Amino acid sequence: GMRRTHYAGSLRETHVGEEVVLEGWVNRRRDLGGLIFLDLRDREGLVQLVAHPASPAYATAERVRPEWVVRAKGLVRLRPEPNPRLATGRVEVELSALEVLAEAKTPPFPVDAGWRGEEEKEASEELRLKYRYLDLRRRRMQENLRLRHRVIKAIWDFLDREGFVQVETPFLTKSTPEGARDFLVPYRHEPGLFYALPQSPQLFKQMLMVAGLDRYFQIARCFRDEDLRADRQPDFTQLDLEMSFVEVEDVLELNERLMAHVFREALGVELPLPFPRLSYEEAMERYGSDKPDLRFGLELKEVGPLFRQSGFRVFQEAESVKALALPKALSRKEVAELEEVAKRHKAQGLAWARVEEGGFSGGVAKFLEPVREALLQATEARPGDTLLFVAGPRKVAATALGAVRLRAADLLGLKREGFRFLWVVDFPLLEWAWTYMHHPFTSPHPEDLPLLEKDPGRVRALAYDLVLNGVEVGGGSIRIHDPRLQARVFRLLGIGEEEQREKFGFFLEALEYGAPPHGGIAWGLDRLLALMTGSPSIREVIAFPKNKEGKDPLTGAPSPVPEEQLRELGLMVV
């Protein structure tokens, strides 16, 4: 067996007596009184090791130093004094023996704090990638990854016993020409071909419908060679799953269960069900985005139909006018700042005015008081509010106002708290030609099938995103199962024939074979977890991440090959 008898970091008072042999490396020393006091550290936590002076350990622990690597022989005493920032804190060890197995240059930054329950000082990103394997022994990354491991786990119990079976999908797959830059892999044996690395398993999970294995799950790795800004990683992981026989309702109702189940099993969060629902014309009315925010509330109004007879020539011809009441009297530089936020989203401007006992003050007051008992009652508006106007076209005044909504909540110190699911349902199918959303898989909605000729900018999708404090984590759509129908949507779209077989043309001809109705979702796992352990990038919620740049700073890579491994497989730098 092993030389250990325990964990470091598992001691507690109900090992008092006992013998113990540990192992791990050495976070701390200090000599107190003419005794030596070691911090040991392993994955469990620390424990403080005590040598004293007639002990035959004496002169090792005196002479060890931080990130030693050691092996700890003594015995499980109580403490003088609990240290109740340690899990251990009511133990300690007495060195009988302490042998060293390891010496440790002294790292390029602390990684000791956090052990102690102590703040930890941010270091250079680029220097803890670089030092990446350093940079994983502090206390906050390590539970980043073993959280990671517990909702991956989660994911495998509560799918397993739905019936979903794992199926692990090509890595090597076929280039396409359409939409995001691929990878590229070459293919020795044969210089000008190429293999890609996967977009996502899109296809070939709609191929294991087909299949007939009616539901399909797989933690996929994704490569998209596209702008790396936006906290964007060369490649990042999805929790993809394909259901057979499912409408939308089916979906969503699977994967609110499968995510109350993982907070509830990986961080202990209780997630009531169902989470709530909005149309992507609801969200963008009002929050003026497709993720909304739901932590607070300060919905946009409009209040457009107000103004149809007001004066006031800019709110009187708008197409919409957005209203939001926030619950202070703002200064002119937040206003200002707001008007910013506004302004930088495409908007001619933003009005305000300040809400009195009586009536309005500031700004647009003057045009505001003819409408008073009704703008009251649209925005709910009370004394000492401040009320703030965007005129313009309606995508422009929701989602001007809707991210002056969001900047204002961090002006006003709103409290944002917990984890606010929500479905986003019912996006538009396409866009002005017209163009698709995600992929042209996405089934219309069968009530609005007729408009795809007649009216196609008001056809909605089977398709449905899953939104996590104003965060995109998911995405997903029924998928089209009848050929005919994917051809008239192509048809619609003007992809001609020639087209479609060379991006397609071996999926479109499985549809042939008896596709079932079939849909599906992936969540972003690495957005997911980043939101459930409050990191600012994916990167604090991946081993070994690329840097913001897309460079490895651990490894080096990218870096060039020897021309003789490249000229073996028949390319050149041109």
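We call the rigid core whatever largest set of C-alpha positions still superposes within 1.5 Å between the two forms. Numbering follows the first chain given and starts at 1. Compared with the form deposited in another entry:
- Residue displacement note: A543 has its CA displaced by under 2 Å between the two forms (rigid core superposed).
- With the core superposed, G514 shows a C-alpha displacement below 2 Å between the two forms.
- Relative to the superposed core, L566 undergoes a C-alpha shift of no less than 2 Å between the two forms.
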Second form
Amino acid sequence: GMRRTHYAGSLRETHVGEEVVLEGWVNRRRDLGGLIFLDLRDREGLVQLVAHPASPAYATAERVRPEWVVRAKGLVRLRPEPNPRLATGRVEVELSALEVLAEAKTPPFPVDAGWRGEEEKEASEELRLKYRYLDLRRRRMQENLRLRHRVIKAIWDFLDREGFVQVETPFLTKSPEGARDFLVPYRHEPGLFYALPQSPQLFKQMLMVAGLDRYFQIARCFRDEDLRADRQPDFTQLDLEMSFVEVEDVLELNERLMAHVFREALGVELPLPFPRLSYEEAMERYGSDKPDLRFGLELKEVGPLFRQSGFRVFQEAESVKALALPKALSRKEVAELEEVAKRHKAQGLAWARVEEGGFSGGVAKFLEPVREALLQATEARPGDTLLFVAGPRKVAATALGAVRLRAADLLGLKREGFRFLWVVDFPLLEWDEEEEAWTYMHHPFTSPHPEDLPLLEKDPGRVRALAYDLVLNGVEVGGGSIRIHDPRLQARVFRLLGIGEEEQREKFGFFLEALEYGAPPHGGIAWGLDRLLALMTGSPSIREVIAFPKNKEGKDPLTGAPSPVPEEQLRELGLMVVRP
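Show the same protein again, this time as the form deposited in another entry rather than the form deposited in one PDB entry.
All you get below is the one chain by itself.
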């Protein structure tokens, strides 16, 4: 068997007196009165080795430097004084033998602090990526990757128990989730390409046409986007699909799955069921379709209070939303929130102060005439600051919701734990304020609400979709919908989305043909697994939970990708780079 008798970090006082064989890295060396103390490290943590001048191990111990790899043999003994910061801190290994398995030069940044329970100083992330195989030696990074393992295994255990079949779907496939495709040139016929899948969407629906009833996959997705907002060129989804389901069936299975994952991998109990908010409810109350429920400060509609007001900017607005903050803001901070508001298309931010009887600052003058109704509507107390955005309903909600989020940081609100929620009853179409156009919030295979089918031709903007988003702590961690299984309806919805019969055949003809062979009712969802793991670990970026990620420009400092290829190779593909 193995030479190793134990993981180094697993030794305890119950092993005192045993002879052990250990293998690991030298976390740190210190010399004292002729003794050589080596902190030996493996994935279970540190244990102290002691090399005595009279031991045969001593000559070898004198050569050793940090990050060298050694095999050590000796007797577990109690330390005269224990180190309470270490799990092995009561014991040490009295070395009888020591062998160097590998030498090492000094690393470009330290990896030893976290194994001692000490705080790690911030290193340059471009350097950590360039030497990612050293960065991954740190305890925090190994914890992240081992949590990732435990989450996926929990997912397999639960979905296997629920009868889901794991199916691996293609990577070299047909050239659809609202991004650009990554292409792969076909070598034998220049001008031909594969595309990497933006998601397995069409394949998992075909697996329902095939009668497998329920599917899942830990799927890699590839999307060529502006990597703004911590995007990686490829990323991981828990993808799943079910047959003969309504929305509620998908929502309940996912809730139970999430509670299982959090229980088994984090030791956290998630109360069930998750809260549910409709799209309109979410934006009315929070000004966001990804509400952060870790704090209050809900938005209130006060437009109907100003229909007789001399303040034309309020009186003409479709909506005036208000938010009461429990603090008297400085003029600098107010201007900061005003800038946030203006960055979200608002015409501006109004403000005032609540005092014992009257109001002070900003627009207080125009607030005095409606004081009684306003205080009942906002629940504001003396010392608060009231903020207002006036305008069209979606802008006013969205602008003051972003002010709300920013203000939680300014006020230092303690936001704790994991607050999941479903957002449901999305409209089928979203209005692009900029491009003056209708676009789909979810992909084109999302089923409209069956009660709304006659509105597809009469009034498309009132049409509800059978779609849903899963939100965690103000972050979208999942999204899905019930699908269209009638080929007539899917073409009808394609026509509505501005897709003629020619484009339908060229992009989706194979899938529309599949719908004519008896497609069952089906629906599904996909989680953003990297996003979820980042939240579960409190990481600032999904790069902390991916073993070998790209940097922010989608480049790989570790390997040098992306890079040129030999001119010979590029000519074999029958392509050339166009001259600027």
